[PDB]
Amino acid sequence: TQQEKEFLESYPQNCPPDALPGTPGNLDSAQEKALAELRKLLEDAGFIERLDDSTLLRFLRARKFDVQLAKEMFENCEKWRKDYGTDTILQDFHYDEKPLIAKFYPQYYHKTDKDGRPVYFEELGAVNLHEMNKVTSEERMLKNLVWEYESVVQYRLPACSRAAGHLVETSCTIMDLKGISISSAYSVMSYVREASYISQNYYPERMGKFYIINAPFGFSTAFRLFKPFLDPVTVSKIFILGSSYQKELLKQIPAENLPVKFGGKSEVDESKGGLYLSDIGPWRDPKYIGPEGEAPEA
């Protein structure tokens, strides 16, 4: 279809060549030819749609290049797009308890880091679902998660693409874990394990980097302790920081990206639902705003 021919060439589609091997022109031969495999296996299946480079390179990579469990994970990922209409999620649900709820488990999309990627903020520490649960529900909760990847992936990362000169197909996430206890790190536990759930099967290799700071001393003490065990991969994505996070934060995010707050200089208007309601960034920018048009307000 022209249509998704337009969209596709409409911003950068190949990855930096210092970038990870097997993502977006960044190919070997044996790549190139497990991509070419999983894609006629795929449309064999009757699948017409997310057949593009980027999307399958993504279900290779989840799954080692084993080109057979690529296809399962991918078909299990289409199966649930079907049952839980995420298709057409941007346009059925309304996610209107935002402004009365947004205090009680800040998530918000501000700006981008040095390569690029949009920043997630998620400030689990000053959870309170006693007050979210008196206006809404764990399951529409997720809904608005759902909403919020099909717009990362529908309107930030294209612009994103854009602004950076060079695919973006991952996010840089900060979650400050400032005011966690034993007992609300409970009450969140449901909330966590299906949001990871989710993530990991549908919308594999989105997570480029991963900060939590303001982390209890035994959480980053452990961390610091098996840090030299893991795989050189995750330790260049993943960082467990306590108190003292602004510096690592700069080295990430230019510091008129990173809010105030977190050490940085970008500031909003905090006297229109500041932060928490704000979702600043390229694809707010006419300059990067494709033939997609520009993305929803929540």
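Think of the rigid core as the biggest set of C-alphas that the two forms share within 1.5 Å after superposition. Positions refer to the first chain, counted from 1. What changes on going to the form deposited in another entry:
- With the rigid core aligned between these two forms, the listed residues 52, 231, 248, 267 include just one Cα displaced by at least 2 Å, namely that of 231.
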Given for the second form:
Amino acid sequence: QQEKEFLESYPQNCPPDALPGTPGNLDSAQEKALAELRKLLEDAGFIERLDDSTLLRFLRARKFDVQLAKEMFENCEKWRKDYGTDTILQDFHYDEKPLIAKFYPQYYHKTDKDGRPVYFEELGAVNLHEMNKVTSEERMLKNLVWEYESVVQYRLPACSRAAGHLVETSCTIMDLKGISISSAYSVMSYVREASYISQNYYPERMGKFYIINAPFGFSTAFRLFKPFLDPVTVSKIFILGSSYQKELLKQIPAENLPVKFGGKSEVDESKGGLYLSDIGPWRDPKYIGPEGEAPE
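Compare with the form deposited in one PDB entry: the form deposited in another entry:
Below: the lone chain, stripped of partners and molecules.
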């Protein structure tokens, strides 16, 4: 069973100081929840994505409500049916990316100090007017599921191997330099769909969320509203302004942080520059496993 060979390719435990209910750090309750949830799903169909990390994430999202989680899994597998996201890496081909990378820079670059894939999103620079000249919202969404599936089947295992421990989550950094009320309305549609996909079909994959170059007001307002969000989803959220450099450098090494954000990592501009790169442990022989290297 080669599927089995794949979960032994990389470290299976989250670090011991990781949040509760994460692989390797389970109390008895959590263990029993997992065993008898896996039962319900295995009962009558469901033979893949029944691994511990997958299920413990769903549960961690529905606060351990085996019943509710059984459904998130069911709705997820139902969406995978329809969207065709198994085999999405085969079918979909985002050929327009070199044309439109500049009008919505999204790119993964290296790892954080805990091994997470770092995900840079310069939403502030967005230009949907130009972007729609060559592509659609539904394609943009497909691409995100492509980058997500690529995160799940390639980036995370190699990050696990390079970090010495399971890595389940990513470190997102959003540059709002250039954002406007105007831009915010034009991306509203897309961000709503992307979030729905993220939260309900990729539970617990957000490990850190940095907003940088946020307007001066916004950062202040969030510190007072903080009590509304869960205390856990506040340890991940960070909201910064003009001077973001070395607050980033506290969670990402200067060797892994791109130069434009203060670090010293750099990419060869002749081969498409930062916006078209995909450097990381998942492109490193030391850490690519029995799954092969990821597509492009």
